[PDB]
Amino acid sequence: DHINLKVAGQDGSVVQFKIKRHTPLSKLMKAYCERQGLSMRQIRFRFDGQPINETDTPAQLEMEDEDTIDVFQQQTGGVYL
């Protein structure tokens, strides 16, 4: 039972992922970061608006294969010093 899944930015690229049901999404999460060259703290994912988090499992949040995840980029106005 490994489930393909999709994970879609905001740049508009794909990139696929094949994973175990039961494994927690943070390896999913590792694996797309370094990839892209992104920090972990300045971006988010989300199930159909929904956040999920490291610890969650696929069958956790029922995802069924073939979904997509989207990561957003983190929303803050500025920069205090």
Second form
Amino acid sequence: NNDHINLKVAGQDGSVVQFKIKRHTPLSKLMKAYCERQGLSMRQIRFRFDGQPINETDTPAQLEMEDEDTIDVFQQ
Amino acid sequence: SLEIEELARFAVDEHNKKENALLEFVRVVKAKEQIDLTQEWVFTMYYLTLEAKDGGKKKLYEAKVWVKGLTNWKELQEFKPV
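Moving on from the form solved without its partner chain, please list the structure of the form deposited with its partner chain bound.
Full assembly next; the chain just shown is listed first.
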């Protein structure tokens, strides 16, 4: 329960897509799910959190993300 | 919003069939889609606030609708008043 957090992925188009994820699940899972959800390809978008780029291997916990935080997505 | 009304209609229809009711589906007042990545299988939860005339009288109803996988590729789980 406290191992789960809610996260938002915000696009330049003003689209917001919301995820519930375990803290130690790699962010890759959320990225690929976001891509399939939005009809996008990974090779053409990049993710940032607090202005810094995100690795697929990174977890929410390593980035000290908290409930309700936002990841931002841009065209590559 | 269209894809969401088609869900809200289903929520109402299942409330009626699960409880022998005659609710009048109006429209979606509020809607959140949340993609749940906590399990081996991805699923999507919908959290819908829709209004429906009970006995013709306007009232506000909360609905949770479970969906296997992602939307762009169904089961009612709760339906109550506020």
